[PDB]
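Undergrad: We have chain A; now place chains A' and B onto it with these hints.
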Amino acid sequence: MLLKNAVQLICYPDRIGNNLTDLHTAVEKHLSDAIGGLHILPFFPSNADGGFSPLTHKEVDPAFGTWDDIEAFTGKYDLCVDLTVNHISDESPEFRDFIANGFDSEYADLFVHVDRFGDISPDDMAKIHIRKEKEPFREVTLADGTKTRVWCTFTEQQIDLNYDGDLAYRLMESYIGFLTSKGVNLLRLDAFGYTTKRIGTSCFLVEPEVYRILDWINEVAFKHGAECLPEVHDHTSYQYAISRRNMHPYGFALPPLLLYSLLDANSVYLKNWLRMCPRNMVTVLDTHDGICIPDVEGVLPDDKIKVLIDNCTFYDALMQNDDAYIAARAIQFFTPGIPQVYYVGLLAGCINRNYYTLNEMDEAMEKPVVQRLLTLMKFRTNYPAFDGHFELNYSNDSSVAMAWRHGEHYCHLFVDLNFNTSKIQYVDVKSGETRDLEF
Amino acid sequence: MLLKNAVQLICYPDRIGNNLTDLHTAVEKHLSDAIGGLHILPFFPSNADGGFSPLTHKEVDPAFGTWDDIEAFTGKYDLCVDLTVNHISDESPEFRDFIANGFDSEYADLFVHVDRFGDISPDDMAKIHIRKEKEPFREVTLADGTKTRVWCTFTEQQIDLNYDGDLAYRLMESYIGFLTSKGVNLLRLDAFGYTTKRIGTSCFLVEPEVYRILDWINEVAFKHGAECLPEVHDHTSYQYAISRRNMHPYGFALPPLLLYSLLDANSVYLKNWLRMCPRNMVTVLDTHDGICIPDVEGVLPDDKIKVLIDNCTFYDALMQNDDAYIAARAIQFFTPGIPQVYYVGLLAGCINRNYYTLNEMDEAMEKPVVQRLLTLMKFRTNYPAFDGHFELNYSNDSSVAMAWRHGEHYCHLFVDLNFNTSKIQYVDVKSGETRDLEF
Amino acid sequence: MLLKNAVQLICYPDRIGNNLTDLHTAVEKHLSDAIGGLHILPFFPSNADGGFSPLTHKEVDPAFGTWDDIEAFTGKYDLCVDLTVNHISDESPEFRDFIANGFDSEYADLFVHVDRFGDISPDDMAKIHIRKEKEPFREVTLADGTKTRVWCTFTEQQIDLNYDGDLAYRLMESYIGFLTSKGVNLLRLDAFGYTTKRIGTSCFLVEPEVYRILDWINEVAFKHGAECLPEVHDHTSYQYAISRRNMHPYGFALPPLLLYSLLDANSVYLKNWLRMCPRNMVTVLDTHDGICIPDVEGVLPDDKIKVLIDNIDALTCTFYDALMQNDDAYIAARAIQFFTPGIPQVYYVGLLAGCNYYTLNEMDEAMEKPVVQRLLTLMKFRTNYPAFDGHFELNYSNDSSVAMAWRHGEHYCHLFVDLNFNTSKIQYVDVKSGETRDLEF
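Top line first, the protein sequences correspond to chains A, A' and B. A prime marks a further copy of an entry chain.
Residues 1 to 311, 339 to 377, 392 to 480 in the deposited numbering are what the first sequence spells out, letter by letter.
Residues 1 to 311, 339 to 377, 392 to 480 in the deposited numbering are what the second sequence spells out, letter by letter.
Residues 1 to 314, 337 to 377, 395 to 480 in the deposited numbering are what the third sequence spells out, letter by letter.
Note that these hints are calculated values from the structure, not bench results.
One should not assume that every hint holds.
Computed list of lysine to any residue pairs in SDA-like fashion (alpha-carbon distance at most 20 angstroms, straight line) [stated by the list, open to error]:
1. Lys134/B <-> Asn266/A
2. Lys304/A <-> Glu297/A'
3. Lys147/B <-> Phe480/A
4. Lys127/A <-> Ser440/A'
5. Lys464/A <-> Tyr424/A
6. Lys127/B <-> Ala126/A'
7. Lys134/B <-> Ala265/A
8. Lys127/A' <-> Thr201/B
9. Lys306/A <-> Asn400/B
10. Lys127/A <-> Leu433/A'
11. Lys464/A <-> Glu133/B
Sample of chain B residues lacking proximity to chain A, with all beta carbon distances greater than 12 angstroms (derived) [unchecked claim]:
12. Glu28
13. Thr146
14. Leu171
15. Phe178
16. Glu474
Cβ atoms here follow ideal geometry from the backbone N, Cα and C, with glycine treated the same way.
Same shape as in the complex, but just chain A:
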């Protein structure tokens, strides 16, 4: 549908070269026919958390470039961008206005006021699903000298939005409209699970509230020509729930699943997942965040997870073994969904966030393992069979056999996990013969 069924690049704005212009130089020079889109990590004005505390989604942080540097991509490549639906910076225009004007501010109902709930019992606090070990409450000093408390799931420079009120949905629709006008196809919804706040609950993925919030955003997105990629790290059950509301789940189960598969030469759990895997997902191997274990619970039994845990750029977990890494990307790419490749993974780097100069990328492109990866990326991005249907094939319990078919076009992946071998056969339509991809 709306998006190109092609490889996407996950990248920062400023870590290949220095800015979006240098980024655009790198894509055109090397990746012009290997990717059909980019996920550019947060590139708005921000004041904490590596970019996830945006003052607004309506500005490019001038450090990275300008909206014209963004639109240079949005005529040839899909564009995936983060939408921080849970929270906005305390330095945002809206929150500074609440600080100035107190509860008389017209943006007051945009934030969550801990005082509405009343006294929250210990039992209700114990239900809250949060990683930090402080109460998720920031007490702020207003202009008048009063002290009120707002909900704060993350760092204190991040103020959560109020989805029992109305302003939060207007603010998001404004962001989505403007972002989509700039050429953004795909909205990665960051920390969507925390948008549901209800005392007595987990305040995380509270059902079915979470899906009504999620349905509303998707419709706003669809009116403006964009699809959604709701990102949550929890039981895969939420990935199928996302998938079944016409949104893109993450294939967060795949990376740890392949690590186990390759390290222990076992395809039983991988094949079972491919037979089940939620569809219309965006697949990753290495992210901008790293290793997440709860995403593979149930997909991989607890004993095999322990094996995996007992035995981080994705390349390092395979012990910098090129054959293993190439086979994992091969498997990822034939997995149903849109494959993302993180930029450090493209350059076979060695904590998960490195800087490259434009010379350093050209050098890294010369690496044998990287040329093998370009060959896959071009093939996955261009060969028409991937636009057809997935048919998994019978294999023994130490190998994986994956195929795609779209009319005449047919290609077949075979990975022997015992020897990390990658073999792709595809149909050259023009000659009608069966050919071996050289990678």
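TA: Chains A' and B in isolation, oriented as in the chain A frame:
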């Protein structure tokens, strides 16, 4: 779509009363507005395996009744019937003709000839997925006095069909056409996984062969006004694969999942499954076959399965506790899909295959627990909300909260697993008020 | 031809002093009555794997010395030397001729050509017992400019020999002849398990081919006055099969077994193993490889292996280090090793209490160490006291101690190890005076 979204009765032809006429008497007397369909277990001429060795699918075994006794159901109730796609009786017209006329018989290519494969290595035999501990080869004496071997997965009176040849598909289309002409809506495909025979493979669910076989039958069924219910007992991954080819999977994960849930007062794994559960499934709690464990692998962790195993009509596994049983049916009925109720489960019986006289059923209907179950069955079969959408609600880890919505119509199930309590609230549209179902 | 029942030194040619002559000087100065033989690690022309890729077994690398420097040991000492039966260098004359002349070379059938089979199924690839994570196949560029593939289990400079053909047996009998002419008593058969290549199989320890190849090699050694020490790292069952074909297995079960015993003060599994242990084995404690787990499966239960593994990864671990550099524990392990039936080897680093190259002065220092003097006292006693030449009698003990004894007529010696306090006590019978006396170590 084609089927009624209502409770179905799984029953034999001759175990409530003596035959299909007595069966029809029982449904009308007690179940006329509580079920929308029936799954009548094999009722064809058969010579082994409790009815799953049919001489033909074109005859009612006169012991049970006639096709007019069948059609008495197919004007008011959906009709689900077994189609033994893997094999037919050795006493069938087709196989006796092969015995008589040897390989000159025009039905010879309807069966699998072990000699085509050649010598089958030990390694290839070790791949075969079979329960019996004999080689799946029957050596038969022909009329001429020659001895040839045919493939035989089950008892020797069951001869497997050949889906590398052509006659097998004609025979099935003939069966489906005639069965559908008699009013059959739904074809339970028995032992479909064994139809794929290929040396070097498991000869069970061989992918993607199994789905092409499965797609073909579904299309034949759709031309003749019927849908399919492919029954396989293996990893749930096959249930999602079935579901994604416009066919009905079984919810074989649910029964052991509820047993664990109720016995250990834990909803975490149940809720995760409901959030994921394959859609358009047919749910059971007790079957005509009994306990199957591999259907809950992954759905329930290995440690909790051991708990379940360490701690059979479904009523007995709950220790004949009515509240627990009623709550399990309540949970089953709000689970997405078409709910089947096995007849012994309807009558709260106490190995999974009992006979009842027409008096004995009337008495069993008077049991308090059975009246509670009728109330659910009528509600699930008639209340319009189930025709809308499933929305699971937040609950603690010892309770389950399930709801359906279809316009104004809304009903909400809450089960406390600690006390086996069942509470249903629904919207009475006529008065517009919220009411409690009394059960 | 029967070997001396005495301690043997495992050592490099060039890491004590500068060369084999300095080695010989060091041996005579300190070890002349403490060892009855030497296992000199590979000293042939080689270009990979630390010496186990020999161009030929018929040359000494001129840096290390000469063949005459080797024969200087034979005459007072048994000599154990590696025979790489599985593979030879790609820079060897035989394979280099294969490079030039293709399949017209008369050395072509000496190597395994992966294309004989045709297509090898995934199921057959998955059967192969191979430790590296590439296919055991090297594709070589021929002189003609064409590309053919030969079987290659280890690094690509190591080309496996073809034991379905005949040339490999001649090549191997040739090496055995030359080695024995220089005085080699004992042939360590390196990577003996991969000699059996057969698609549809593990291509490692393939039975019963593997024993026929092993029996044949044993016979060639016997013609030329040599015995075999077939080295394989797998389930102990293979060690008893070797033992029962009149060859010397390694006691690879012992090191991990003693590590557990000392670390957990438990003699049950050690005693059970000594009661069963295969006969005519050569025992080591630290190898040139380290600690291997499949060598102790069954000998030590899976719960006790995990206990050991948990301790040691907190295996590239010199056995002295695995005992936390505890001198008493190390001496108690060497004592137990020495009373274990078989011929005990001491790796030279273990002799010198290292944690390496040494000069001749440095070895003099290492010999002065109290722990090394205790080890010398053991070695001399094991190499010279006649009771070991009789029969082994294991004694009853509690489950935290080990009681091991040997008897040969009047000669009798008795080891008692308390695993709780790492005490090593040996009492022996002084035949001439008839009294029982304590070895001072």
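Undergrad: The structure should be examined with respect to each hint, and the outcome stated for every one.
TA: To see whether the hints hold, each was checked on the structure:
Of the supplied pair hints, the one linking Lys134/B and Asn266/A holds, its CA atoms being roughly 16 angstroms apart against a limit of 20 angstroms. Distance restraint check for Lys304/A and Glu297/A': the Cα-Cα separation of roughly 14 angstroms lies within the 20 angstroms cut-off, and the hinted pair is therefore satisfied. Taking the CA atoms of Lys147/B and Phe480/A, the gap is near 18 angstroms; set against the 20 angstroms cutoff, the hint holds. Of the pairs offered as hints, the one joining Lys127/A and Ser440/A' holds, with about 15 angstroms between alpha carbons and a cut-off of 20 angstroms not exceeded.
Taking the CA atoms of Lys464/A and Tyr424/A, the gap is near 16 angstroms; set against the 20 angstroms cutoff, the hint holds. The straight-line distance between the Cα atoms of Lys127/B and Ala126/A' is roughly 14 angstroms, inside the 20 angstroms bound, and the hint therefore holds. Our distance criterion of 20 angstroms between C-alpha atoms is met by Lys134/B and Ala265/A, whose separation comes to about 13 angstroms. Using a Cα cut-off of 20 angstroms, the hinted pair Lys127/A' and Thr201/B holds, with the two alpha carbons roughly 16 angstroms apart.
Between the alpha carbons of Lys306/A and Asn400/B the distance comes to roughly 51 angstroms, so the proposed pair goes past 20 angstroms and is violated. Note on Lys127/A and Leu433/A': the hinted pairing holds, with a Cα-Cα distance of about 18 angstroms set against a maximum of 20 angstroms. Between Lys464/A and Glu133/B the alpha-carbon distance is near 16 angstroms, which keeps this suggested pair within the 20 angstroms criterion. For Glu28/B, the condition that its CB be more than 12 angstroms from all CB atoms of chain A holds, with the nearest at approximately 47 angstroms.
Separation of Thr146/B from chain A is adequate, the least Cβ-Cβ distance of about 19 angstroms exceeding the 12 angstroms criterion. Distance to chain A confirms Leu171/B as a non-interface residue, since its nearest Cβ pair spans about 29 angstroms, more than 12 angstroms. Once the 12 angstroms rule is applied to beta carbons, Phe178/B is consistent with being away from chain A; the minimum gap is 37 angstroms. Separation of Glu474/B from chain A is adequate, the least Cβ-Cβ distance of about 57 angstroms exceeding the 12 angstroms criterion.
Consistency note: the structure conflicts with earlier hint 9 alone.
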